[PDB]
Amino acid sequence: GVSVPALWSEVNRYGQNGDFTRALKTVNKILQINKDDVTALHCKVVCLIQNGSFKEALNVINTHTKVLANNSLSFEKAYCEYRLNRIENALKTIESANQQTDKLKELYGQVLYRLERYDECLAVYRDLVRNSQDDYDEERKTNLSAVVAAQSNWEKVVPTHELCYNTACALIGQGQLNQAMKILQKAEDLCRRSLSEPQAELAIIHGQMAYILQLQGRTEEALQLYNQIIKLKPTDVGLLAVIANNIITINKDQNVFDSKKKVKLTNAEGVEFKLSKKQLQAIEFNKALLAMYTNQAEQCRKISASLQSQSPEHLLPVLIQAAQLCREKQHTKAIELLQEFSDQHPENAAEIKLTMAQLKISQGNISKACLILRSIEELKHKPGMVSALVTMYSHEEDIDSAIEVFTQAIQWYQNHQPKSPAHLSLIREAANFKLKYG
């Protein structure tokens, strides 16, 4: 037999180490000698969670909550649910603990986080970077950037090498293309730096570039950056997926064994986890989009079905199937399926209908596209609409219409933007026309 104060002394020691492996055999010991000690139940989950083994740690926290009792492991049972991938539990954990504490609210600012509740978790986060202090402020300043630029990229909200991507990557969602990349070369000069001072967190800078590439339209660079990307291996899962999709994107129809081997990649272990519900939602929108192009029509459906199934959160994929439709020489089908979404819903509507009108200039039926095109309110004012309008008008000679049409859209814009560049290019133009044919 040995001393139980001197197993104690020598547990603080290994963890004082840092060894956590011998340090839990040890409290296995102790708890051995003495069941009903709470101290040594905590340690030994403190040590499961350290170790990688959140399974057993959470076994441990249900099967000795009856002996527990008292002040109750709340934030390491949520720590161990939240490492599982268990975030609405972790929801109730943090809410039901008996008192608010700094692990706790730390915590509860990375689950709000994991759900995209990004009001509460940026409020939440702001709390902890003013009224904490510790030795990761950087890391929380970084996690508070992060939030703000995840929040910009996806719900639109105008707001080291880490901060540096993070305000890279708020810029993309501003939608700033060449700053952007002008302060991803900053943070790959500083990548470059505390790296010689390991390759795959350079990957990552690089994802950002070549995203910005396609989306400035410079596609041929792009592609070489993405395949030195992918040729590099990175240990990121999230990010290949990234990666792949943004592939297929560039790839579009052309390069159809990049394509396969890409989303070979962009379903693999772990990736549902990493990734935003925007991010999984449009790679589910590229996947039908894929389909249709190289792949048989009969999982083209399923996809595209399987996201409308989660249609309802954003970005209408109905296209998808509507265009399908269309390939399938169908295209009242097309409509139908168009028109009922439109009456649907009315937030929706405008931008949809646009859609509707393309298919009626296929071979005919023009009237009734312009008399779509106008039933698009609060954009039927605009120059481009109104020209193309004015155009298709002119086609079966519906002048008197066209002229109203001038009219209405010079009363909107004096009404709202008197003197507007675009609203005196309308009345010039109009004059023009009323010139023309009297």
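Numbering follows the first chain given and starts at 1. The term rigid core refers to the maximal set of C-alpha atoms that superpose within 1.5 Å between the two forms. Compared with the form deposited in another entry:
Checking 50, 411, 65, 59 for C-alpha shifts of 2 Å or more between the two forms, after the rigid core is superposed, gives a single hit: 411.
Residue 35 shows a C-alpha shift below 2 Å between the two forms [criterion: core-superposed Cα displacement of 2 Å]. Superposition on the rigid core between the two forms places the CA atom of residue 307 2 Å or more away from its counterpart. Once the rigid core is used as the reference frame, the Cα position of residue 297 differs between the two forms by 2 Å or more.
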The other form holds:
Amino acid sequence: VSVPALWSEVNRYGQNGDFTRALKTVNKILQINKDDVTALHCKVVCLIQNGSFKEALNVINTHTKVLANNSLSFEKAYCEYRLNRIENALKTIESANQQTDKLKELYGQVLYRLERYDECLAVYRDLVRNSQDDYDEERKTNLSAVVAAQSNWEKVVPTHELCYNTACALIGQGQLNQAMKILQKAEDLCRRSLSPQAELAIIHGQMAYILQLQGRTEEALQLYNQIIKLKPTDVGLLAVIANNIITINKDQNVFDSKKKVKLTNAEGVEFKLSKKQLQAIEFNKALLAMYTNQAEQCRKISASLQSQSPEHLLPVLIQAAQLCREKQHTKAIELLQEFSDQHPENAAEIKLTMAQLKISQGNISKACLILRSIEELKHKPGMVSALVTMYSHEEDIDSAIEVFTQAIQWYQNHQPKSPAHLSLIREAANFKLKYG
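Since the one above is the form deposited in one PDB entry, can you give the form deposited in another entry too?
For this one, just the chain is written down, with no partner chains and no other molecules.
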């Protein structure tokens, strides 16, 4: 059959939409002639569209000797990225001779998968502002997803999909009341759309999160159970819902907690979820192991998490909890002490826990001493109240009034005439009245 005839059939079938028989005639062209770079480009494109990224990767690797010229940089990078080989895809995109729009957008997706939200946000801003196409709403909701992730985990102040992502961003920013209203607006936009229930399942999964945050635990649990029973096809959403149910259950529904944990560790979960989400999952299952007498695996998870130095979730406390549960917590004393010493920026909450441990049975004076050592939160009305009542327990009146004086002086230096300031002055005045 004449080669232009096969090319015309290939073009017609490629614009038709299906690709299997297009691949069959492309490889017929290949067996006709071995040295047409367009034929192998069509072959790798057909393989990518058919979901066989490994086969296209193998073809590119085997034919790299003859490819040359422009090279299949974008196709190889996309095959690596879809094969979770993000690290190699980074240099595959970076080592390309020329940068195209497809390469830039693939690079943005890879950077999102790398949690490098700054460069990903910049490149996707450039993508939205520069490239115009038929999926501009998809680009908008992807940029909104990036900013929502950054605001939720990196602590950065910033259609139903875009509304849901805006609700996610509001959740990250700390707003909860208007998040429910925006999620209801997105629920309306979804309900008018399909009349495909997984897109409503994720909306309800985010709704139940807000319900749990505000204290409405029962409705959140019912929503989570109904979402789980609806069986959405996603895997990351199931992990998020499962660990939120973990947090709701705490140490009560351990039998369902094991089920949620087994749903939390599935195939592809480590790639769909962020690193912060995975670390919080590790923290949650370490907590569950602690509450389920599993100590060795709890310690293993805690050590593995500490090896990564988490930004927000300090796991040494869990280990301290371990040494508090087995009643030989004298080692925990120096453990938290040295952790606070090595990490002055995180020492404050560690010493706050240290104080509670040093009021557990006795040695209250040392507890007050380590409470005083927390300079960051020293002049707070609650902590000075605790110090005053502790000092009054053993009648250290002078220490209590001197604590009052330091708190008052610091408040005068920083925020004079505050309502909390005047409350402190009046409380100190009446305490001195009732204690000379």
